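Engineer: Chain residues, written in single-letter form:
There are 2 protein chains.
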Amino acid sequence: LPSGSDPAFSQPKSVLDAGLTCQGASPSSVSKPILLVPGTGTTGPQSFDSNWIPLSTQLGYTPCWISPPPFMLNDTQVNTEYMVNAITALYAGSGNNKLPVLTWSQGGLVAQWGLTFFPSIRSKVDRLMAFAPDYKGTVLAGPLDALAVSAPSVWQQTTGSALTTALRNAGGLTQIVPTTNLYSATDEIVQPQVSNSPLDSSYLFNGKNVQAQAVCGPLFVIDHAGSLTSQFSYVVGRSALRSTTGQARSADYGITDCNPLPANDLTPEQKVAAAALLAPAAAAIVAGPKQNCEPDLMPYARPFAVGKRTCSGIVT
Amino acid sequence: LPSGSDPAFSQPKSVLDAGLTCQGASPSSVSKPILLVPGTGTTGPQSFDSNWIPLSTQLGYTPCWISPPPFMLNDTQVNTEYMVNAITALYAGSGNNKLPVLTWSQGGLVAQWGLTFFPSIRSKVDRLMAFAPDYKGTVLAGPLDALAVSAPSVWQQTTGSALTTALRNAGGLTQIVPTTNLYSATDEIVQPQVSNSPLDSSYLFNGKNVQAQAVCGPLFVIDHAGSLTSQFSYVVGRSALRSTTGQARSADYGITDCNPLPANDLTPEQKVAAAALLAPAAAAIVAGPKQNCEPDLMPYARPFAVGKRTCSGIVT
Ligand SMILES: *[C@@H]1O[C@H](CO)[C@@H](O[C@@H]2O[C@H](CO)[C@@H](O)[C@H](O)[C@H]2NC(C)=O)[C@H](O)[C@H]1NC(C)=O
Ligand SMILES: *[C@@H]1O[C@H](CO)[C@@H](O[C@@H]2O[C@H](CO)[C@@H](O)[C@H](O)[C@H]2NC(C)=O)[C@H](O)[C@H]1NC(C)=O
Ligand SMILES: [K+]
Ligand SMILES: [K+]
Ligand SMILES: [K+]
Ligand SMILES: [K+]
Ligand code: NA
Ligand code: NA
Ligand code: NA
Ligand code: NA
Ligand code: NA
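Protein chains in written order, with PDB author numbering: chain A, 1 to 316; chain B, 1 to 316.
Hints in this document: simulated from the structure, not taken from any laboratory. Backbone N, C-alpha and C define an ideal beta-carbon position, used for all residues, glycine too. Some hints could be false.
Some chain A residues near chain B, calculated using beta-carbon distances under 7 Å [stated by the list, open to error]:
1. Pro143
2. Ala146
3. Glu188
4. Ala282
5. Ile285
6. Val286
Chain A with its partners taken away, still in its complex shape:
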């Protein structure tokens, strides 16, 4: 696991700060922040307005989020700069108090990439609650890559990519801070997820790895978006957020919570938007960037993916 200096950011501070917002507050002076990191094809509000922005507010946090442009479709490594900058800011802005990070989809990969390569944030994040994280990527992006209809970050989120290779070889498939990963065998976006084991894309060694079918039964069905928005997900997320260990606890949820529909505390109208969470993501992918190769690794990550091929050639 890297333990030296932080890499320098490629983006200026003005740019990174512009991508961070808090509800009703400035990052420079915020009470009990939670940092929300969005999924592929979305802004922070698009991922979370119908779900964890109001739910976290009801738990007493001030939700804050990043929106790396365009819609989380550019280089995951740059998406991570937004996250690292935001944790630094929000920690300073809330009294040097550690804060939680809550993610969907790629946001969890971004969080873990940041924790792996930017040691400074490890003391600033108290826990990670990741919904449907793709730490191994997804095999399902393969045809899109072959067709050259994949955005930068979609290439990076393909199983076997240089990015996912680097994360693994740097030690990033082991939890770094207390981590809960909630995911589903029936996720239609991220696979493989079926095994309830380290083979799954969402699994981290020493983490609290919650495959919904383990709790709720193998026949249980909960999709990629539902993995973020469901009542089951709310109970698990609340467990993680409240737990003194920094991980969800099996005592905190069971069969009575195995409701895949949008969280009960959401208003009717929020439930409608939550259920429809993935539509705007699909439309952003559709209009968004597309290329025929995986973006290059930044220098700090190259040693961890020697021999993989990116846009510029083979990593040496």
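Given chain A's structure and the hints, the job is docking chain B with the ligands onto it.
Structural biologist: Then chain B with the ligands, alone, in the frame of chain A:
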């Protein structure tokens, strides 16, 4: 459309027969046969053991398949002899009753080549259910082969080929029996498929042409193999097989069926095998025969591709 005698077989009938197998039945005495025609780089079992063999069984059919050697890599015109012989056999063996044909990839090109050039089988095929058929071939020169260093049937499936030209000029891009074509914009092997129109390689005039994204949305992703194996594909195929019209019916499927993962009725082990369909087929193509020209058209097809080039020169 051609309307006379069937072309003579180039292969002995014993050889053709030996390539036909049914599950649990002789072709001479079979209950409700369905004939399965595999994709390039596979035998019948390799295409269908994880999918339409069990899925058709559960629908009450006896699955039967052909396995033209080696692995569907030889002349598509010879592959078609196996299909024509099998239809003749299974029609008689089911009491002189027409039977459905269900195909993947090249198998659909084979079925339509047979229906176009071998008139005797038209009255013996109840309906055709083709998954990812490449009636126009493909424009994508994939990464398996050096350009123009390819197997016989790979040449023939290249857009612009003499074979695909002949099919078109003989009238074979119009359905001959009731046909449903299920295909995907995100097919990484066969393109173009993106338009939901007669541009697409899988489209037949007067057919029931089902591009999955037209139903499911633009980021519904199923690949060339997923076109055969997905739950969405199963719902459409079941509709096609049951329909009184011989074609799938839009009433039978909709957004709720839009699951790209392997068909729900497959066991956990069959789903893993279905999701792994493509890689060993691609490896069989890589390991297979290579030549530097397209196989010659048989005499009965030449007049429909005059001016195209095969191994013996420009067709006359
Ligand atoms: C998208 O990611 C790329 C790649 O990391 C960013 O482009 C780099 O930006 C740095 C900072 O200016 C440059 O030094 C490199 O030359 C850039 N590389 C490439 C290939 O262009 C880019 O800034 C990111 N875009 C956004 C909107 O964040
Ligand atoms: C593969 O296809 C070629 C047709 O392209 C077949 O070869 C022909 O076989 C007939 C029947 O014996 C011969 O009369 C021809 O002279 C052959 N032509 C060529 C170019 O060799 C061949 O039999 C097929 N192989 C298999 C295993 O089916
Ligand atoms: K700001
Ligand atoms: K304040
Ligand atoms: K507790
Ligand atoms: K019709
Ligand atoms: Na399940
Ligand atoms: Na290039
Ligand atoms: Na094979
Ligand atoms: Na040719
Ligand atoms: Na099984």
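Engineer: Min Cβ distance, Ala146 of chain A to chain B: is it shorter than 7 Å?
Structural biologist: 4 Å, holds
Engineer: Holds or violated: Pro143 of chain A as interface residue toward chain B, Cβ cutoff 7 Å?
Structural biologist: 4 Å, holds
Engineer: Measuring from the C-beta of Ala282 of chain A to each C-beta in chain B, is the shortest one below 7 Å?
Structural biologist: 4 Å, holds
Engineer: Less than 7 Å between beta-carbons is the criterion; does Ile285 of chain A satisfy it with respect to chain B?
Structural biologist: For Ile285 of chain A, the interface hint holds, since the closest Cβ of chain B sits about 6 Å away, which is under 7 Å.
Engineer: Is the interface hint satisfied for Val286 of chain A? The criterion is a beta-carbon contact with chain B at less than 7 Å.
Structural biologist: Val286 of chain A check passes; min Cβ-Cβ to chain B is 5 Å, inside 7 Å.
Engineer: With 7 Å as the cut and Cβ atoms as the points, is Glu188 of chain A at the interface with chain B?
Structural biologist: Nearest chain B Cβ about 6 Å off; hint holds.
When each numbered hint is compared with the structure, no violation occurs for any of them.
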